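Below you'll find only one chain, the form deposited in one PDB entry, shown as structure tokens.
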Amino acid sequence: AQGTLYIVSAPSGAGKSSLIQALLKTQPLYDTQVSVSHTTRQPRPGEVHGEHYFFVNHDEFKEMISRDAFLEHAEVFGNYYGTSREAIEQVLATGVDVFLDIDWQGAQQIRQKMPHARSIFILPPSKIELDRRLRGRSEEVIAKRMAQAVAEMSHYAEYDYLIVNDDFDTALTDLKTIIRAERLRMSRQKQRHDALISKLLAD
């Protein structure tokens, strides 16, 4: 029962991170999972293969790049990161919804190799708030992060849904809503309620 793939993107300081987290805490694994990426970097203390990432050796990662195994990948200051098309494809095949957290670039790539995916973009409520959230806990470092954020936000129009994260809860509800709504699509419902519809039409 082909599940849906959600590409979620947002400039640092909108909650993209937290929201997806919160969403999964109220969703059974047979309903919603998060996408798991492949990486060549050493797992940190506490991490675990299969959950956080799919830790593979540098050569394995390359063997894959060659055979077009990744839906998207990129080398980030040292190591490689990638979204195995077979990994996300397998789970979606079991009727599970998958959430993929990526930047606008990877978004475009995935959205290209997979037109059925839905994409959600989260935005901060105002520039002051974006600023405040970014400053988190040098005026020079901030100015850079703020700029990187504006860059990211430029691609907002490329997405399917737009969530403005003013108040966290409301935002988490908007997210939950997008999911639920999609699950109410005819293709999906026709599948889920096969038995019921059969009975109803048959005398």
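Positions refer to the first chain, counted from 1. Note that the rigid core is defined as the largest set of C-alphas that superpose within 1.5 Å between two forms. Compared with the form deposited in another entry:
- Annotation for residue 148: C-alpha shift under 2 angstroms between these two forms, rigid core superposed.
- For residue 33, the Cα coordinates differ by under 2 angstroms between these two forms after the core has been superposed.
- A rigid-body turn of 26° separates the smaller part from the larger between these two forms.
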Contents of the next structure:
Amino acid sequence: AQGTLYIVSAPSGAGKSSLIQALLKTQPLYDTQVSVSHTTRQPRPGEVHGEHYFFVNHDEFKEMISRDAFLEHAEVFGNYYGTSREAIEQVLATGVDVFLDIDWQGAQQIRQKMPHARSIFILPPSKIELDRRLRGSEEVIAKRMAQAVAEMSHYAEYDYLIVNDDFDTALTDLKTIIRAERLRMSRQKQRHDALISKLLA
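Would you mind giving the form deposited in another entry, to go alongside the form deposited in one PDB entry above?
Lone chain follows.
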């Protein structure tokens, strides 16, 4: 069958990464996966290539754009990020649900090419709290806070909203959406094709 494509977006400091990482730890590669994006930003201490991202240089990323290799690409917080079309179409083909961690610009592009992709937006519990999480120079902090408020402007465009106040709760909300989507008729009629045959035949 075909897996469902998920778009997950959020301002930095909403917990989106840890939520997605905690999610994957409970799902087998044959059911759920996160997509491997291409980026120009430097790998982070303890972040292997090809796994988290495909780290390429500014020129290398620019030649992929010409090659129309991207399903979408955008400039985010000083670097280029894009979704290799090959991987996404192949993984979805084997029936796997693929998670695309992307900013709102990328989300618009995908909604335009894959109308059935589902989008989830994640909001922090409050401004103060969003601020406390960001801090973890006041000039760089204000820069992240400005980008974070802009990103949140586009929340109403997504199908789902998870307010990540209490971590565990938001992690369950994220699991709950995945499961409810696999309970939809279209996917269930396929997964239980046999049984349905037996019951009506």
